[PDB]
Amino acid sequence: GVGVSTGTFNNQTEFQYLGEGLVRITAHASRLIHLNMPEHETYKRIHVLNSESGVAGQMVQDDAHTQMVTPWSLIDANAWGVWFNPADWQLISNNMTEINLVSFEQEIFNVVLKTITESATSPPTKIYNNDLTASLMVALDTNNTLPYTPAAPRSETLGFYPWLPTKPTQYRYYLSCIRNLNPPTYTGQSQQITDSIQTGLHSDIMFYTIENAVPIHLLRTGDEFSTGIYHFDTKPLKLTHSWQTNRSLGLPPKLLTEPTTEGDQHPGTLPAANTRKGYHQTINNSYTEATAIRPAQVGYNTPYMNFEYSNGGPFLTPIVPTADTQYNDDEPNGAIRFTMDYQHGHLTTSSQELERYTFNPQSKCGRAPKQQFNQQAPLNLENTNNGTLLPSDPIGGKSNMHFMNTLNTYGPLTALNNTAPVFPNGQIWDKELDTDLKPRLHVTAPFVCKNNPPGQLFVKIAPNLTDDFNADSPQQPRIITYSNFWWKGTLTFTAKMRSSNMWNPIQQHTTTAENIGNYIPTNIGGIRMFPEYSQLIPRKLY
Amino acid sequence: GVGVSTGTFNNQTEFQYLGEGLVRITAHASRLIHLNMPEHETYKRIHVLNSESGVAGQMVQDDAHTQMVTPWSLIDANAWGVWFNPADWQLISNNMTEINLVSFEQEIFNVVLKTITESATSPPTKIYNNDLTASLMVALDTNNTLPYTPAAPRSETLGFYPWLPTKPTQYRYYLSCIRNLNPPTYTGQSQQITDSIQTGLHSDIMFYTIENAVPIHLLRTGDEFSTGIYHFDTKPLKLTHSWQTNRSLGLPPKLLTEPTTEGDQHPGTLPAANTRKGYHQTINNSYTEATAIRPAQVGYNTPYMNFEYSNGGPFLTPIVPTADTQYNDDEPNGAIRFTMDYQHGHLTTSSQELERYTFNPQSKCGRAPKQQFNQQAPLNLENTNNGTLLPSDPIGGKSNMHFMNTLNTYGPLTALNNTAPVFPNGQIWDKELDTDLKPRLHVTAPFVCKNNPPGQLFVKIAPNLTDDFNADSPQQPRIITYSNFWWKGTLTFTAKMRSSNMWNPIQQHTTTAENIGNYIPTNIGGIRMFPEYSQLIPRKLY
Amino acid sequence: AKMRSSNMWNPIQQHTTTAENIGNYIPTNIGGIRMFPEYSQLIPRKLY
Numbered sequence: 001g002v003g004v005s006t007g008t009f010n011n012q013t014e015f016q017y018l019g020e021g022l023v024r025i026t027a028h029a030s031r032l033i034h035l036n037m038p039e040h041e042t043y044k045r046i047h048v049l050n051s052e053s054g055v056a057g058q059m060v061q062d063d064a065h066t067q068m069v070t071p072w073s074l075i076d077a078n079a080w081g082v083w084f085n086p087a088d089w090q091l092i093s094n095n096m097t098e099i100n101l102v103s104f105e106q107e108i109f110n111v112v113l114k115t116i117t118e119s120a121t122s123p124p125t126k127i128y129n130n131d132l133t134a135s136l137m138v139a140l141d142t143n144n145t146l147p148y149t150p151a152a153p154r155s156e157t158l159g160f161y162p163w164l165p166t167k168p169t170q171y172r173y174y175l176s177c178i179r180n181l182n183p184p185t186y187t188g189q190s191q192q193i194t195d196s197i198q199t200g201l202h203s204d205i206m207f208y209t210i211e212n213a214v215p216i217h218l219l220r221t222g223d224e225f226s227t228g229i230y231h232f233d234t235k236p237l238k239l240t241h242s243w244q245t246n247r248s249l250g251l252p253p254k255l256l257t258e259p260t261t262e263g264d265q266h267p268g269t270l271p272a273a274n275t276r277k278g279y280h281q282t283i284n285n286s287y288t289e290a291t292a293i294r295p296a297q298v299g300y301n302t303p304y305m306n307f308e309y310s311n312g313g314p315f316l317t318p319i320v321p322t323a324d325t326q327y328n329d330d331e332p333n334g335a336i337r338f339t340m341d342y343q344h345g346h347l348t349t350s351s352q353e354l355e356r357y358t359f360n361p362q363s364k365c366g367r368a369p370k371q372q373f374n375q376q377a378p379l380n381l382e383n384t385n386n387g388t389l390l391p392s393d394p395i396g397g398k399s400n401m402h403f404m405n406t407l408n409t410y411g412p413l414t415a416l417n418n419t420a421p422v423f424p425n426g427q428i429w430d431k432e433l434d435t436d437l438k439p440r441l442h443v444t445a446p447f448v449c450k451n452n453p454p455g456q457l458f459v460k461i462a463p464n465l466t467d468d469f470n471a472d473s474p475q476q477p478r479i480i481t482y483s484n485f486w487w488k489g490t491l492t493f494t495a496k497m498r499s500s501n502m503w504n505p506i507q508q509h510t511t512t513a514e515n516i517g518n519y520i521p522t523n524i525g526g527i528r529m530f531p532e533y534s535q536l537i538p539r540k541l542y
Numbered sequence: 001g002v003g004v005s006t007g008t009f010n011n012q013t014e015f016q017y018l019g020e021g022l023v024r025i026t027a028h029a030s031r032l033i034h035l036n037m038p039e040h041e042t043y044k045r046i047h048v049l050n051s052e053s054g055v056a057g058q059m060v061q062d063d064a065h066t067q068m069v070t071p072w073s074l075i076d077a078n079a080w081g082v083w084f085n086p087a088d089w090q091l092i093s094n095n096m097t098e099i100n101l102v103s104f105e106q107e108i109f110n111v112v113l114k115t116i117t118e119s120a121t122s123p124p125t126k127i128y129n130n131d132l133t134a135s136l137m138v139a140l141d142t143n144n145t146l147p148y149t150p151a152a153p154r155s156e157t158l159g160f161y162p163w164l165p166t167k168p169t170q171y172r173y174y175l176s177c178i179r180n181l182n183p184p185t186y187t188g189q190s191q192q193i194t195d196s197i198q199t200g201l202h203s204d205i206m207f208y209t210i211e212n213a214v215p216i217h218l219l220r221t222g223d224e225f226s227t228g229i230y231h232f233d234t235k236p237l238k239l240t241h242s243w244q245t246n247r248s249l250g251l252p253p254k255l256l257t258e259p260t261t262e263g264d265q266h267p268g269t270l271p272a273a274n275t276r277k278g279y280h281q282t283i284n285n286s287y288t289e290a291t292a293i294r295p296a297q298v299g300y301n302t303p304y305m306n307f308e309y310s311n312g313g314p315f316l317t318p319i320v321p322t323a324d325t326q327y328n329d330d331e332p333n334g335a336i337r338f339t340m341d342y343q344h345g346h347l348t349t350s351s352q353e354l355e356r357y358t359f360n361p362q363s364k365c366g367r368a369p370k371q372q373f374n375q376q377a378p379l380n381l382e383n384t385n386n387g388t389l390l391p392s393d394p395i396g397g398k399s400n401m402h403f404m405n406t407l408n409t410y411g412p413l414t415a416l417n418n419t420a421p422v423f424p425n426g427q428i429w430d431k432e433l434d435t436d437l438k439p440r441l442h443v444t445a446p447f448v449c450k451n452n453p454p455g456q457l458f459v460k461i462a463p464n465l466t467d468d469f470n471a472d473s474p475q476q477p478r479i480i481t482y483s484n485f486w487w488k489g490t491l492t493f494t495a496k497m498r499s500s501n502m503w504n505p506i507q508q509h510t511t512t513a514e515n516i517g518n519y520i521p522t523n524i525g526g527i528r529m530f531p532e533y534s535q536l537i538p539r540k541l542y
Numbered sequence: 001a002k003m004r005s006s007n008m009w010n011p012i013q014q015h016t017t018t019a020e021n022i023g024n025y026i027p028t029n030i031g032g033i034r035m036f037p038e039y040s041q042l043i044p045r046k047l048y
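Residue numbers (our numbering), protein chains in the order written: chain D, 1 to 542; chain F, 1 to 542; chain A, 1 to 48.
So here's chain D without its partners, still in its complex pose:
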């Protein structure tokens, strides 16, 4: 089977429309993969200590931990940019109210392994041969024994471009640490910070081996391989954003003065307080909007920029990413700043490497702590500098840490919204944390597999031994080998169409003569895949 092709290339995007308004969005993604021969044929247990970690203030910069570096490379296509292209997104987000994960199947084919012979005859000349017989190692951890490691959050996914080759990344998992950083400091002060790390508590050591946990298929040029057909069990994802806030829930207080002159300038009048009727979660006989009965709490302040410390070290306490307020805050509203790559958007040509861009979901929930505040005992419209905590009050003596930094408003009354899909660098589905009690969602991605997540796809070039034996020695020498093999995946979703219910037209992402540039190549061949808002369709909340 040497001279015959095993699989087929296809990167089409099929949108089947069915009855009652559903759609079978079928995304085909093919891509030419390139794999280099693992440079260290062993399993290494490496630690990581950075000089920066152990300095006054630079604690947040701590990078310590332990790595299990495997000789295997991983093929993760879990990231929107893989499946869709700009146009696709525009369609889906501009018209589907919800979308959900259905089936997924990969397939590796037209494997080609290549030897490289050196010819230092005057100038270093390279000769390329085909080791027809050599093999490509492929492993599929169906049961997820190997620690899960999504690539997406490190833009180490496959190339978001069908006409451009791409590389799978080095597989390496976390191993128990015993990180020490006592005690925290502050930029200036002189103190002796202890900075250590020693492979975790023995009882917590997890040392896995591709070889030991999964059957490995050997693939010669004429061989082929294919995932079965995995079916997701996932809570559908909404592609609509809420807006209403507690100050916009329910029956608006009836007015007594409708304006008499055009312009959003002139407003209407409400009867004085006192004379108003209804419920009150406060005592004063006066019913204000800020102080009014609402169904629940839409949103919540999560102590921002708080660092917690557990065995593995210190770390930022995650915040459910929601849209910022008119006071572009971001960090407290879990905004997510992605960094691009010469392969995940960002002009292929550009001289400077990678790109910035921060992301803010559309669902309005977030807060503006630089505004929030607290008052004492019986409220009292008309504060008491003494009986009122403000967004500019010194907590614990530090003149810039205000109450909001420590304030947590989560409660049974809280109504929250899930992360947003972030085309394209965004992760798509995610394994669920195997803890007795589970999280209501993840920040990583919008889809969490209720059951068992799809399998990790592993790859590694079969060691091409020489005549200089093996064993009875440290690191064995081998023929320089590499591989070019294709890959085709099929991700299938389900979504519902939207419909005209209101009077006014809504948001929709379009082309402006000032952005087409971003969806069109360059006079040289530059291509971008700059991220786009998602969940842009307005939705009632109450």
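To be clear, the hints were calculated from the coordinates, so they are not data collected in a lab. Keep in mind that a hint or two might mislead.
Every beta carbon over 12 angstroms from chain A, so not counted as near; a handful from chain F, in silico [what the hints assert, rightly or not]:
1) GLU41
2) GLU105
3) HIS217
4) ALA290
5) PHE315
6) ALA368
7) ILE524
Below, computed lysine-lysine pairings styled on PhoX-like, alpha-carbon distance capped at 25 angstroms [as the list claims (entries may be wrong)]:
8) F:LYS431 <-> F:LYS450
9) A:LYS46 <-> A:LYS2
10) A:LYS46 <-> D:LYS44
11) D:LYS364 <-> D:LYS496
12) D:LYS114 <-> D:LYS438
13) F:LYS450 <-> F:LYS167
14) A:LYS2 <-> D:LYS438
15) D:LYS450 <-> A:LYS46
16) F:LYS496 <-> A:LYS2
17) F:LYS431 <-> F:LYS488
18) D:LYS126 <-> F:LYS126
19) D:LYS167 <-> A:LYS2
20) D:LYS44 <-> F:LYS167
21) F:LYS364 <-> F:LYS496
22) F:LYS235 <-> F:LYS126
23) D:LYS488 <-> D:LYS167
24) F:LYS235 <-> F:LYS438
25) D:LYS540 <-> D:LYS254
26) D:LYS450 <-> D:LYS496
27) D:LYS496 <-> D:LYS438
28) D:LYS235 <-> D:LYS44
29) D:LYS235 <-> A:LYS46
30) F:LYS235 <-> F:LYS540
31) D:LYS114 <-> F:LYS126
32) D:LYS438 <-> A:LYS46
Backbone N, C-alpha and C define an ideal beta-carbon position, used for all residues, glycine too.
Please arrange chains F and A on chain D, whose structure you already have, making use of the hints.
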């Protein structure tokens, strides 16, 4: 079939649990094998005489014998380290009361033969080609015509590591010797030691030939090969150790004084001798523990460090390996000192080669000769220096050879225990000595095949002749060739789970923060496979 | 309950007998008995 893979890699360890508490421990072992082209295409009959052999005292150092060196290489996977890994062992030994050999099957695949062309163009450059057509010779001695030669006892097994390549060893058997060493000496003395050897008595010459006794399969890259499915007939192996000794068998003498104060310090009292009742294998009306009726003899002294001499020369008389006593003796209790290898445990990285470590089974039987003794005629509690042989008495005039060195206590009353499995360097099953009367066990391994043992797997690279003819000449010249071919074996056992019968918890092999290091790679890729106790579950004996 | 199985390479925690604790699982020369508490949930588990 050039570009297609023949077999599949799998080194998983399946533990199926069935009814009534049995387990189908199925061990899959795959490994990339590397074979070099036999350097001497003939069958050589070599002798071996060491200078050390013929010197005063250094007799024990005798290495003489005769070798039949074949051009074939052997693939022996008979050794625990092949099949299981540290974790596996911990599980099996920590929970199975017994285990037994069931089925076994090998399979060679993805054969690849390679030519190596020289290019001494300035610096010696190597060019690697594929002799697609050349073949790999494989022979399976199903009926065991070729002399059996387990690799295990010479740590020449396959590599105990799935992610590391390995080499099969040179096959060479013993051939009749007529070793002469008359007469024994002692380090100092001047005497004329005759040291000779001449290929054994003609009537005892056994000259085998792979070619002449077994059909050989030729394998081209696209070929495959597989053992059938051999079934063992073996006495199950206990994974529990006995403890009770003759001084701990049966009904303990009833006491008459139970202690009144806490602490293992204060003991209880037994009525004086005389007044005691029962059997006695002695005359005195006084019944002592040392001199008390017991069911049988648990253990036995085997004349230690005794050297016997038969045709092939002198040699140490084997001792059933049992645990040492509180007087760490070892040698007299057949302890087994294994020597590791850069491929059978022992840090791959370490600068020093190989490792030490001695082994002591758990079943308590062994003795402490430096304690034993003998008394005369009617016993008599209260010796006679004259009527009492002691552990420090000069035998035959030599001031350091005491009676124990010559003492053999084996008898019909002897109750003995079988060798222990020694993970991982330990041999697993073993051929039975074809003598009219058989041994009750072997020391080599714990499993002895009642029927015919599995077949020896032979390998050798098909001679890649050149254009410089052959025959009509001594040693023929040929193209330098070698091979990389995979191998997968499937060893299946049966074992029973343990159960809580007593009150107290028992031994169990665990992780201490002081040993995980041994089950975890190194920051460079070092791996160890240090041996572990086995048979660690306590067992009643009576 | 469900049995455990060898998935990884390394052996794990396990509660055993040390010559320094058997005392706690054995009566006294007078009849003393202890039932000192022991760790539980001692088998390592992946979380992600």
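*Test the statement that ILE524 of chain F is away from the interface with chain A: the closest C-beta pair must be farther apart than 12 angstroms.*
17 angstroms, holds
*Taken at face value, is the distance from the CA of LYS167 of chain D to the CA of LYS488 of chain D at most 25 angstroms?*
14 angstroms, holds
*Determine whether the non-interface label on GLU105 of chain F survives the test: each CB of chain A must be over 12 angstroms from its CB.*
21 angstroms, holds
*Does the alpha-carbon distance linking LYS46 of chain A and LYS2 of chain A stay inside the 25 angstroms limit?*
17 angstroms, holds
*Keeping to a limit of 25 angstroms between CA atoms, is the pair of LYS540 of chain D and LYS254 of chain D held or broken?*
21 angstroms, holds
*CA of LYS2 of chain A to CA of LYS438 of chain D, is that 25 angstroms or under?*
22 angstroms, holds
*Mind checking the alpha carbons of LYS46 of chain A and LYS44 of chain D for me, to see if they're no more than 25 angstroms apart?*
With Cα atoms ~19 angstroms apart, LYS46 of chain A and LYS44 of chain D stay inside 25 angstroms; holds.
*Satisfaction of hint between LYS450 of chain F and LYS431 of chain F, Cα-Cα up to 25 angstroms*: 8 angstroms, holds
*Given the hint that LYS235 of chain F pairs with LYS438 of chain F, test it: the Cα-Cα distance must not exceed 25 angstroms.*
Holds: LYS235 of chain F and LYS438 of chain F sit about 14 angstroms apart, inside 25 angstroms.
*Is it true that the CA of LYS496 of chain F sits at most 25 angstroms from the CA of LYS2 of chain A?*
Within the cut-off at roughly 16 angstroms; holds.
*Does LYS438 of chain D pair with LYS46 of chain A here, judged by a C-alpha cut-off of 25 angstroms?*
14 angstroms, holds
*Within 25 angstroms, alpha carbon to alpha carbon, are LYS235 of chain D and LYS46 of chain A?*
24 angstroms, holds
The structure shown violates the earlier hints numbered 12, 13, 19, 22, 27 and 28.
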